[PDB]
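Only one chain comes next, encoded as C-alpha cells, the form deposited in one PDB entry.
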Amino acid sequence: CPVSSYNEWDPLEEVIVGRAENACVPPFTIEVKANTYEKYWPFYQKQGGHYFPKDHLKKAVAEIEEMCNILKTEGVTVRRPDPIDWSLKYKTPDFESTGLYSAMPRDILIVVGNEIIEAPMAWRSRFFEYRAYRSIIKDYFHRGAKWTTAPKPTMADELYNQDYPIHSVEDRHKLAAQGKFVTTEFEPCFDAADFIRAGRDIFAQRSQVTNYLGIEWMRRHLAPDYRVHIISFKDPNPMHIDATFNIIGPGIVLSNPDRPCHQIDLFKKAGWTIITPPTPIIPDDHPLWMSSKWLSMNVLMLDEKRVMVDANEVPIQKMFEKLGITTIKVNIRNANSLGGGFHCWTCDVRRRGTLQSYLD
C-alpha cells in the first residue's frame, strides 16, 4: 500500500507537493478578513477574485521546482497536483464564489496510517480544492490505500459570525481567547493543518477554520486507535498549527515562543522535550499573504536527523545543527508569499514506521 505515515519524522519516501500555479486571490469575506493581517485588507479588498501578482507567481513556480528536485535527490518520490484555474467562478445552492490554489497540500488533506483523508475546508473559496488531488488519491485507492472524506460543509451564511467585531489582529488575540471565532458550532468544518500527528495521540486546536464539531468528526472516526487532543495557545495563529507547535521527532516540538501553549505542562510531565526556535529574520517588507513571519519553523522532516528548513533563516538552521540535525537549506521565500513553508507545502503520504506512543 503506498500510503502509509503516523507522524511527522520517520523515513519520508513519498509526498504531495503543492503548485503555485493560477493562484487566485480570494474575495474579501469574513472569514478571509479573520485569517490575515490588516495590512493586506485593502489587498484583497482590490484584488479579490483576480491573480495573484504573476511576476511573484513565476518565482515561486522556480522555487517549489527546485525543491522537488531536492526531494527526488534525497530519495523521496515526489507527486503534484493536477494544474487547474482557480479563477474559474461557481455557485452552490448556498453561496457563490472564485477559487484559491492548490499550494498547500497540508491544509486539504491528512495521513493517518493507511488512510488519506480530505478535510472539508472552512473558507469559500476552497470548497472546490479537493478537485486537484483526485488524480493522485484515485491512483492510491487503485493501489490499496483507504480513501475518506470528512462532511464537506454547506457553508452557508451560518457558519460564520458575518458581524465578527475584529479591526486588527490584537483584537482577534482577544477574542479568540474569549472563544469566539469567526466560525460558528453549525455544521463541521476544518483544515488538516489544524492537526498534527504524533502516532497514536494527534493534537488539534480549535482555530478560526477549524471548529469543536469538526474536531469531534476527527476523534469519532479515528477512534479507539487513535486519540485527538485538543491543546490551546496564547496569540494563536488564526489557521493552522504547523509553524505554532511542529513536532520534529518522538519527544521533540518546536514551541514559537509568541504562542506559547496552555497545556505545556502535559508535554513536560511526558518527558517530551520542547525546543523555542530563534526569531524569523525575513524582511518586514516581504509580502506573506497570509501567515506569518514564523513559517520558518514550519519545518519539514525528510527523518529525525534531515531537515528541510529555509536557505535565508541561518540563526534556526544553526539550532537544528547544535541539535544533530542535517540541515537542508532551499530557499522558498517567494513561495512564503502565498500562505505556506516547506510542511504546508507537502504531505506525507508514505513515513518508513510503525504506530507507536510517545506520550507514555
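Numbering follows the first chain given and starts at 1. Each form is matched to the other, and the largest set of C-alpha atoms that superpose within 1.5 Å is called the rigid core. What changes on going to the form deposited in another entry:
- No residue of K146, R134, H229, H173 other than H173 has its CA displaced by 2 Å or more between these two forms when the core is superposed.
- With the core held fixed, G249 shows a CA shift below 2 Å between these two forms.
- Superposition on the rigid core between these two forms places the CA atom of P188 less than 2 Å from its counterpart.
- In the core-superposed comparison between these two forms, the C-alpha atom of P81 has shifted by less than 2 angstroms.
Starting from the form deposited in one PDB entry shown above, please give the structure in the form deposited in another entry.
Only one chain is given; partner chains and other molecules are left out.
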C-alpha cells in the first residue's frame, strides 16, 4: 500500500518531486495568454516552442537536487518522473502543440486515499504531460494502488473562450464573479492543484483551468466518501489554489491577503484558524514566468510541526517559528521561475495517518 494520503499535513513518507529538465515555453495560445503578465508577453511571443533559458534551467536543476537531498535527510522517500524532451510537437485530431514540462507533479496528480488520480489538464501544451509519470504510477499500481485518469478533453476551440478580455481589462473580475473564465463548460477539464485536501473534505476552485464540469466529475467520482466543496476568492486570474488557500494542519489554513475567500465564514464557524502570511520579499527583477510572487506561501508540510519553506523568505520563516513550527529552509529561487514552490514541485504519495473529518 505505497499510496495513502488523506491531507496535506500528516507525517510525510513518500513524495514525487518534479524535474526542470527540458522545460519548454508553451505556444502563446489564448489559455496561456490568460495566465501571462503583460511584462512577459514578448518572452512568450519569441520563445514559444523553445526551451526555457538553459542557464536558468541548470540552476533550477541544482536547487531541486538539493531539495531532494534534504527530503531524504528528513526521512522521505523521493521518486522522480522520467526525463523527457518537451519540445516534441504532437498532433491530435483537434489541435497541434509542443509540450511544457513535468516540473509540477501537483498540477497533474492528486492522491485521495489509496487512489492516484491523473487530472485531464486544460492547456494544450500539457495534454501529454502524464507520460513522464507512468513509470512511477504503474509501479504503485502493481503494488496495490488504485489508479484513475479523469476524462481527457479534446481541447478543441470550443473549450476556450476565444474572445476573453485577456489583453488587460480587469473586468475579468466581473466574469470571474460570474464563474466565467477562459475555459468554457464544453467538456470536463481541471488541474489537480485547484483541489486541496482536508481528509473527508476537499476544496476546489473554479479557475482558468478548472471548470464546473471538471469539479462535478470529481465530486461525483469521489462521493459518498469525500465531499468536494467549491470556494472562490478575489482573483482576476485564478489557476491552482495552493498559493491562495494552503491548508497546513487540522483546522489551520494560510490565506493569501491579496486573495480573500468569499466563503471565509464557513471556516470561521468551523473554528478554523486563518493565518495571513506576510508579503513575499522576492525581488521584482527576478523572472516569474508562470506565477505571482506568492509562491512564498506555497509551503509543503513534512508534518504538523515541520514545514519546508523558502530560505530567502525570512518574514514567513519567523511567522512559522512563532507558531512552534520548525522551518526547514531550502533555496528554490530559480525553480520558482517555472511556476511553483514546494507544494507545486511535489506530490505527497504516502503520509502516515487516517481518514478524518476536520470541519466537524
